[PDB]
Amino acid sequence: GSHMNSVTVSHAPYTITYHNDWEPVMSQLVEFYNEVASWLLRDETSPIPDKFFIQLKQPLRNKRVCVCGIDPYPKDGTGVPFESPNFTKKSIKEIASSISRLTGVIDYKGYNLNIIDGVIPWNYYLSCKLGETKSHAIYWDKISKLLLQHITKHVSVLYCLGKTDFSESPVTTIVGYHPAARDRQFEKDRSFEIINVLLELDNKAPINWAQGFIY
């Protein structure tokens, strides 16, 4: 569209297009990515390099919640965090169930966090070696820090998913269970519910979690 820009990097995907809201961090991102990309690309990745940076197409100014996982699905990442086109990945399924139990919406065939007003779904690390979670942590390090720090300047609540997974200006942060953690249904459910209360506290409009449903 007519509200975006792009930068050139020396390695695949060679071009990153991004929303104006990301501009402040883009030249630092280019530097860091040229330093590490040769080492990232040696492996088949989730997602493919062409989809590493597609979430930078998302605007930040209209966002108030960030739902953040550690890295993309071991396989089948689309570049949109949590996205599972054919609704097969356990993570998004469990998230959908919580929102079902919270909202009362019974029947659905999918769920996607990328279509909820005021929500940016996010992967801390933007890739992993195909089949291996956290396997690209070292490469993403400085970029992961830069991008999250930028996000927290816009959103009012950061919700990170996975306690042991997640081992400058403080924002309201919640660290809850991994979406696929066993026998922690109450805590997973309640964790989502709290977000809207915290937003009320910060004088922000609630999130309509039901917007994520696909029928």
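Only residues modelled in both forms are compared. Residue numbers count along the first chain shown, from 1. Just so we're on the same page, rigid core means the largest C-alpha set that superposes within 1.5 Å between forms. First, how it differs from the form deposited in another entry.
A 2 Å or larger CA shift between the two forms, after fitting on the rigid core, occurs at just one of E187, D50, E44, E31, namely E187. Superposition on the rigid core leaves 168-170, 182-189 as the runs of at least three consecutive shared residues whose Cα positions differ by 2 Å or more between the two forms.
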Second form
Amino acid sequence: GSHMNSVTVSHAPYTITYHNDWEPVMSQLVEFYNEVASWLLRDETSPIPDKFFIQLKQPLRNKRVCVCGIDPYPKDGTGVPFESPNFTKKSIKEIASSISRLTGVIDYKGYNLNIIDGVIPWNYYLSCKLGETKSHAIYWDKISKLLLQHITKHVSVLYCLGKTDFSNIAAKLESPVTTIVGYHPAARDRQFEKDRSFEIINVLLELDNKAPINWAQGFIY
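Write the structure block of the form deposited in another entry for the protein whose form deposited in one PDB entry appears above.
Partners and other molecules have been left off, which leaves just the chain.
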């Protein structure tokens, strides 16, 4: 469990390192990535190619919640969905602000969805053209379906950010996972501000006899 595995792909990043829990999809992933990477890699990307697949090192079988955004930040993507080491990205700041109001943690310097017990943050498409949101949907299409399908065999709740972004994706996903498709952190009329999806997640988990998420674990001090 503690040792990562590796497969070769034809183009950058040439090797994909991954946790055992992802084994069932890797052969397909390699096939699909070899099909599109040449086209994809002609653009500067967020994240860089060496970071495309680093989230495949995260275990899945101990996760109960996936928090999913459509693609990486248009700039400064780290390969960890939502992660902003300087805490400048609007999405993670708005998320932090909701969690602050939820948890009573008023003083903090950042927030990270990838250090919370039971939560896997996820970017549906694994790259975009640097500076251009959703620009690589055409390349990731089949890979993105493959990976999300795999994730939702493990998690109990899937929380998707952006109704236009995800209502179709969520609708067409055939899975027993419980879906919540909410407003995106930058929705007009400040709709995300009144959004209580993180609380809803915990209600659904507890209804299903599972432990709630401690969202305060995401804070950086």
